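Presented as structure tokens, the chain that follows is alone, the form deposited without the partner chain.
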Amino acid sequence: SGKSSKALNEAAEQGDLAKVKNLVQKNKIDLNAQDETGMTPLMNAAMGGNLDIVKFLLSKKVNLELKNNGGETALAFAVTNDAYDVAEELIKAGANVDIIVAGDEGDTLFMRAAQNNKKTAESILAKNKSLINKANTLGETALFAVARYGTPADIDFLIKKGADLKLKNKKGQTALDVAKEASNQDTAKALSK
């Protein structure tokens, strides 16, 4: 690849659209070139939650699927930094939704969205409905967190989207089992029906 630019990456993160545009108009920077930590302009724009910049960079046909050294794409940055407007735009542009977000548990993009933003969780499932049942590194899906700590309405949401109650985590437990362990009688009753 060609030259990367610290000034561009910083302007993208900080949200300075005029500066991004002035730097890109020179056609001297390879917009897909990765810096020393694997970061691109798009990852910086997404991490900083800068929709206008992200839209501009998408108009230049940047690669959506480059990963930084932590293994995250621009979409994972958007979701983990609560930039759900950016996440939506990236999903629309065809960004891969079947990815893992950074952290010890290896949660799926879907699991992180399901905890934080229902609309993005639905956008993800519209792309690949089987992600509802894709487990993290402990063998748990989104249903397990709700079984422990959530409410019967949350159980209903995930079951309506196809959550499979029979799935077992790496300890051999179902969502019903973890509800019972957590003394969550309401979710246990909802899972039992």
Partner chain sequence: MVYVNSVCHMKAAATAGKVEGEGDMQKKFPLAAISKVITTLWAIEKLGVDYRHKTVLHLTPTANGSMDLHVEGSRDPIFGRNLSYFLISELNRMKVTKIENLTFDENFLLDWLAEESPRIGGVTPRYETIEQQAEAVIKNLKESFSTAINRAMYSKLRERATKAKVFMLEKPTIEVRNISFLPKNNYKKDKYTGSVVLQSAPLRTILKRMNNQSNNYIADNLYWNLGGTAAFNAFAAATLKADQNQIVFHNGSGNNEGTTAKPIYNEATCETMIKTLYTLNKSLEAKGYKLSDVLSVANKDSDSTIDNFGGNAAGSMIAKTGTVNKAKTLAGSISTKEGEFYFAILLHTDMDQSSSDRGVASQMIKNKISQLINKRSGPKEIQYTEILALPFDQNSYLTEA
Contents of the next structure:
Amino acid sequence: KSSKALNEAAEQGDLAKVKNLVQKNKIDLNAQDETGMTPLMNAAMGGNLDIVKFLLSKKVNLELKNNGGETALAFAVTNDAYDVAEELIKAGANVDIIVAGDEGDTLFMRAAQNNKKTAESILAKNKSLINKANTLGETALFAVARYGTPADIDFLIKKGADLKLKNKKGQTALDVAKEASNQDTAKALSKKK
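Alongside the form deposited without the partner chain that was just displayed, please also present the structure of the form solved in complex with the partner chain.
The following holds one chain only.
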């Protein structure tokens, strides 16, 4: 039996109300609601590091998934709560996971577009994630080639990204940069070898 009031309090950052409801001791903190959501997921989604740390002190399950297939770590990353992502990684959250959406983006991919530090923390657990492709055969290098910067490109080249990988349509990162009209990443990639 999950608690609506607790889940909402976690999402919204009302630490006082969370501690208050958890103190009465009625609530199983691993109980998932009608869409698979846990208090930990709500806390992570809302970027509330205080509530995450409190919930982690109760030794909640890190690897439960909502209906969208996402763990708390995924909720943190996808909603730009990278301070929460770091806490969850230090707590032992699995980083070799998929975030929601049609593409099957890796957690590393989503972090690589947005927060360099968490991208590094992920790779520190598993170096090969640099070149792990999503469902369309694309890696981080493809995403940032479309929508990122030369600085992103070299960050990934330095972590061992493979320039010559093709997606399921037979395109390289360089090809998708050009198709996206990102002249900056196109130039950076086409000078590289």
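Shifts are known only where both forms have a C-alpha. In this text, the rigid core denotes the largest set of C-alpha atoms whose superposition between the two forms falls within 1.5 Å. Numbering follows the first chain given and starts at 1.
Visitor: Pick out the one residue among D164, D52, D30, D35 whose C-alpha shifts by 2 Å or more between these two forms, once the rigid core is superposed.
Guide: Residue with a C-alpha shift of 2 Å or more: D164.
Visitor: So how many degrees does the small rigid bit swing against the big one between these two forms?
Guide: So the smaller part swings through 20 degrees relative to the larger one.
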